[PDB]
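Student: Okay, here's what each chain looks like letter by letter:
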Amino acid sequence: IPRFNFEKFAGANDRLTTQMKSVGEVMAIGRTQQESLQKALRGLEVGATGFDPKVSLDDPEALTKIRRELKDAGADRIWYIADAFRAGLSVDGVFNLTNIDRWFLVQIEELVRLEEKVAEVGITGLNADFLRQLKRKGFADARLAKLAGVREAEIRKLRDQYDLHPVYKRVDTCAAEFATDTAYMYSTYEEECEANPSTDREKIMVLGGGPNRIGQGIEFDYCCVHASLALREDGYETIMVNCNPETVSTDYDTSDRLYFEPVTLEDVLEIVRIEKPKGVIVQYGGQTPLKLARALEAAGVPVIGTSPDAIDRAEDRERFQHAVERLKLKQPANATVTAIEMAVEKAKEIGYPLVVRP
Amino acid sequence: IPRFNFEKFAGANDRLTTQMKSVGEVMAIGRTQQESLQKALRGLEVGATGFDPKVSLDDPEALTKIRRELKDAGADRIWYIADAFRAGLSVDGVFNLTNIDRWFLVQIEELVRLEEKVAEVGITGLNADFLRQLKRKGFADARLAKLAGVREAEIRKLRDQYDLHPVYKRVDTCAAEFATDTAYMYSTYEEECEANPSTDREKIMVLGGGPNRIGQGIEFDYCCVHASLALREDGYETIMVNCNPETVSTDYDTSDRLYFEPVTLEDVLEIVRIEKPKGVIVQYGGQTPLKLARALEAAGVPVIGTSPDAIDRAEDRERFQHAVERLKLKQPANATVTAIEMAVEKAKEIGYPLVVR
Amino acid sequence: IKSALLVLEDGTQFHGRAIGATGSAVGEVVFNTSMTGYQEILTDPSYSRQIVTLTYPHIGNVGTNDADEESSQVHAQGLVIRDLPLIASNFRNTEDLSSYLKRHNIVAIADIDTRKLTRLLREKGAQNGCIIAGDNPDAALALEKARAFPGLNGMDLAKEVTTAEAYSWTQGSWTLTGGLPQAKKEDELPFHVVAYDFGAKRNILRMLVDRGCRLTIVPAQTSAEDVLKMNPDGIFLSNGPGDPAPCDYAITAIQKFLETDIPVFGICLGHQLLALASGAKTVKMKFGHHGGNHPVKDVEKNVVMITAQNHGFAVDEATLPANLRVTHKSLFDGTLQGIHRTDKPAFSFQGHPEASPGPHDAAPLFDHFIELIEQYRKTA
Amino acid sequence: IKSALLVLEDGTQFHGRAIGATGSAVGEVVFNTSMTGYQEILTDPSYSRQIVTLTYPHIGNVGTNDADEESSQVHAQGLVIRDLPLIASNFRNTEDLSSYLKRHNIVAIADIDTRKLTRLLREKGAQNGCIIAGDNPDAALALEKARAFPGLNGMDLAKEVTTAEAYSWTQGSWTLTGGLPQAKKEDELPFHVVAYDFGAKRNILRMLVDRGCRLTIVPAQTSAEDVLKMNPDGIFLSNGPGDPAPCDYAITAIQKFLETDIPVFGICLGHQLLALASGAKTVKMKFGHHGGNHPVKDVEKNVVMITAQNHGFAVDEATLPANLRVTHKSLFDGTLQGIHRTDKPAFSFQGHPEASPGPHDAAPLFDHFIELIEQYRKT
Ligand SMILES: NC(=O)CC[C@H](N)C(=O)O
Ligand SMILES: NC(=O)CC[C@H](N)C(=O)O
Ligand SMILES: [Cl-]
Ligand SMILES: [Cl-]
Ligand SMILES: [Cl-]
Ligand SMILES: [Cl-]
Ligand SMILES: [K+]
Ligand SMILES: [K+]
Ligand SMILES: [K+]
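Chains as they are written, first to last, in the UniProt record's numbering: chain A, 359 to 716; chain B, 359 to 715; chain C, 2 to 381; chain D, 2 to 380.
Bear in mind the hints are in silico, worked out from the structure with no lab data behind them.
One or more hints might be untrue.
Listed below are the simulated DSSO-like cross-link pairs for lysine-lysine, each with C-alpha atoms no more than 27 Å apart in a straight line [stated by the list, open to error]: (1) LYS103(C) - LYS117(D); (2) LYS686(B) - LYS429(A); (3) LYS3(C) - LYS475(B); (4) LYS704(B) - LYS423(A); (5) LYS423(B) - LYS429(A); (6) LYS146(D) - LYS475(A); (7) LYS495(A) - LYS117(D).
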């Protein structure tokens, strides 16, 4: 799935055409198209958890917006397709507007109906059989959580109750016709696991940054590759988690074990569960891993290097202010203003020109 | 199908509710739901030939308008259902909006798909096996013709080519378990014809006005009934053509033969075809049959009474002015103005106040 | 293009489309006017060897379900319709009609002028015909098959559908709220009745059980001696296919019961045998009575009831013995519909008091029987 | 729920969903790596008595069409797949996969870990298994059914699938524009090839005709002398199911033709038979070669070809008679794939020159046959 950055180019034409406008791409692997596709959506790093809705059902104008996005594709068409099915359009209707083979469309419609079922039955309705079937179709715990009105952690927990966990299969070029000694893996909800994690080594996991975007480029990936190169050289068993198909970080030669997976908390926890790393590096892959840091350590993960709290101390506007004052250092005058009027006055006080953060 | 007159009541709430707002109704009979439903639409007298589109396939806002029309029903929802299928909505989506049982909905969708095919192939694609199919689903010559890009007559001419004409079945209350001596018939594209027209009597056909609507009420029907009664009394065999289920005109005792059919060029010609009447009265049913006059005559029908041409001379503004003038009679000053500027002028001329049609 | 064909003895062709199993079907073609209950129609054993024509154009609108099965199987040999709907639409549906048809291996044909056919059979009377469903059905062949068919006259079909062994029946009637109830404990149902299975409909049994009757279904050829040994509180004669004449064992067994004071009640074929076993003679109707809008007068009460009918044979009232009174008559043709014994506690109805499908109008007839039975145990 | 169960001799169970006929199927379980060609595979007679497992998860994406039928029927005993897609999506489709399997009464199962199955077959070797598709599939019974299967080793399946009488074949190859061509009139075709039907694929025939060869298809057991009587320009040995070793009538007939100067070319089974005729030995492979990406080297020219393979037995090279020269070899495992008689106009190939499905890379093999034929008549 391609990664776009139209919000940074407010005045640009955002319709897709024969001239490339994307800035990166994510890749996913699944035992079926549905699983493949949902996993890609969840690691695209756009805040999506799968087919999150773009339009409300309650909007009389929704279909008009919908039809438009289908007919003249933008970066959000994938989500609009599901929106379409949710609003009564048919596969032939969507095809007609988009030209996407029905082979793919029907899969998306099937996934929407299943979502509607989750919405209806609620969490109570999520028995083991149903939940497993959903995990198999690639549904994220977070998406399922939004649907049944609960927190992600609850869905995850339920999965634990049911011993419902994915298995890891290996890439081997030959559909398993020949044995492999490489550990290039992807998660799937299947019967047999090929992870076979070692238990004689001290493992260090390195988390990548997903697809590239403006501001989150190859520079982080480089750092990622270096952590693995260095530590493996030192004798550690290096495990990389990433899903950008363009980089060196996703070349099986770069680490001891490569997990070509979405860099999400759910996906990473599952790896952590079976690898039991001595340590996890979240500081080299950019924003993506940086944001999971707190939740990872809060999830029992051995986060190494600068702590997620210290990170937050720095990223936090007011926490940092404090730090700077404590250190008796110099910082531009600031003020957090909720409303306008207050602005103009606080502004009088800070002194123009000013930098307005959204 | 109910008949509405909302255009005459511009400031009214035109949404359907528990309080009736319709002014009349039409009825059709077909061997199948689809045939029956399509005959009704074409008998409605609203200018429909069936499921004529209400919105453009290219209007970006179309789905929005269709959705509103389906959710909060107005007199034209039936037409929007079809449009909703042409625009991509599924049976489930239409049901959720309308609450109309899917048994019906799926039937309308299939009619839409078949319309799509016709549009694709056109005329050249109108084989006989397929034209029959279309006829059997209740398709009007005028509808196909629109779809196919031709004239209704081309479609009809075509149907003759292939000896594709309807058959007539009879109403008997018993599903054929008992024979009938009554001649209460409906057209259908089936195998056996039960019309068995007479050859020994002088027949006269009376054309009804279809559903009642403001301006085309019971007064017309009263005249049709009177036409049938008097002519029958006099010894002519009377044939009534009408589809208003509320009237005495469609009561089987009112005439010798009743054809409960849409009052259209198509349906009337098929009757004439087989009946071969001595005369056809088109002057007692209101606007409906009056308008068919000229084309029925062009088509060889034996129209009696005032000629379609004579009717036009009255019905046509200028022709009639011409007539007044010839008679040296008096009429109010008039003028035909295309544009505004020209009006204001012709107007200064004519003299206010004025009556602008 | 999935062809089907219907050819009758007279060699009348009806070209349509296949909607059921592939292959061939042969039997007596009949028309049924029922606008509702086609599954019940198809699962009625009485339809054995006959190819059913439905006058109502749309057939299959409500799909199918189990509760709507009258027997264990689809007894019709065939099915001819005008239109199979695109979908089934009813909360009770469990399977569409084409599907069900295939499942039961029924050759079926649709899209034919069912009226014209109805009119033919009406005017011309019962014909034998054949449906050939396939890629290139051979007219001449079906016609040949049509003609080859023996015909229902003189054909014992009851022995052809009866049970092989006797079973107990204690299941009541269906409800909207509860669907088909759980069979009862014999400790529950007060009267004990024997029911000759001439090709019985579940509804009769159910309606019987509803009345507080524990049933014992026996095969069609069971001896009286054998039955009498059960100490029945009553004996019931069921509905069934084919000619009732040819069923010697029945008349016998029946005559044998008549000799006795035990209450006998027959329905449809059961009614015919009761007549036969009483001295009466049976006849084969030109077209028969197939529908659920059939008016039948109760001569005694001068009352009219709308009834469900399924017969191709009737009893001659000219052939009635003075010991057999006439209790019901058809207002459509004057044909006989009920008879009672002047001497005995025996009565029988030509129509279907259990309906299914159809008007519940004739239901009180079971009320007579129970009366009889209560009386029998008072005196007995 | 439409339940299905797959049970292997070893007791391994795979719980799925029924996608074909209701019932039981028993046979030798094999895996095939072809990402396309599932219908062609199913209809290949060589799969007689085997339960076919496809490694590509989505099987049925393009539905089915009569032109993609490699024989008159579906020869596989059963089909094991991971996912049966919701719809078929291809202009050539005339019928969805599940419908088709039912039509053909093929017990089939979907939704199982075919990767796990593949790894087990690869690691432990071929196994017999049973598919039970039904309401409440009995795992003990499927295991018993699986274990009762006698196995392909020692089983002549060729005699089982051969044609009862001999027919003439003059139809060529399909084309996207044309489709399947009408059959030709004998006159249009210069050569008469007598082809032994050991369970022959439609494609080989076609490819021969394309090369101007009129064909006379003869039953598997036909005698050499009965064939000779046809004054064959060339003789062809078809592909086919089961053990070749037990087909004495074949070996026999063959060795006879091998006393003559009549050009002979076999494929697959035909290839194994030609070698047995020459005195070589056959072996039953651990899991065999079933796929459309198998690299085969032409040792003579030192070139690689990507081939379509379908065989579970092979000719042992170390038992080669000096009259048989090794022309081809497998680049995956070193197994023998081609041989040529040093003294006669007799050559054969292990893989499938007619492909269908798969890479057209080995097609040039037929040219060498035709060249020998021409020679023959030249003289
Ligand atoms: N998954 C692994 O640990 C690989 C094991 C072994 N080499 C195989 O290919 O089966
Ligand atoms: N159509 C008619 O002329 C009626 C003929 C006849 N009375 C019948 O009902 O069959
Ligand atoms: Cl569930
Ligand atoms: Cl056509
Ligand atoms: Cl017909
Ligand atoms: Cl499994
Ligand atoms: K493992
Ligand atoms: K027809
Ligand atoms: K499974």
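Student: Hints first: check each against the structure and report whether it holds.
Tutor: Verification of the hints:
1. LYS103(C) - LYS117(D): Violated, at about 37 Å.
2. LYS686(B) - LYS429(A): violated, 65 Å
3. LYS3(C) - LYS475(B): holds, 20 Å
4. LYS704(B) - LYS423(A): violated, 48 Å
5. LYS423(B) - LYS429(A): holds, 18 Å
6. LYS146(D) - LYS475(A): violated, 39 Å
7. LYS495(A) - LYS117(D): Holds - the C-alpha atoms of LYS117(D) and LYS495(A) are around 19 Å apart, at most 27 Å.
In summary, the structure is inconsistent with hints 1, 2, 4, 6 from the numbered list given earlier, while agreeing with the others.
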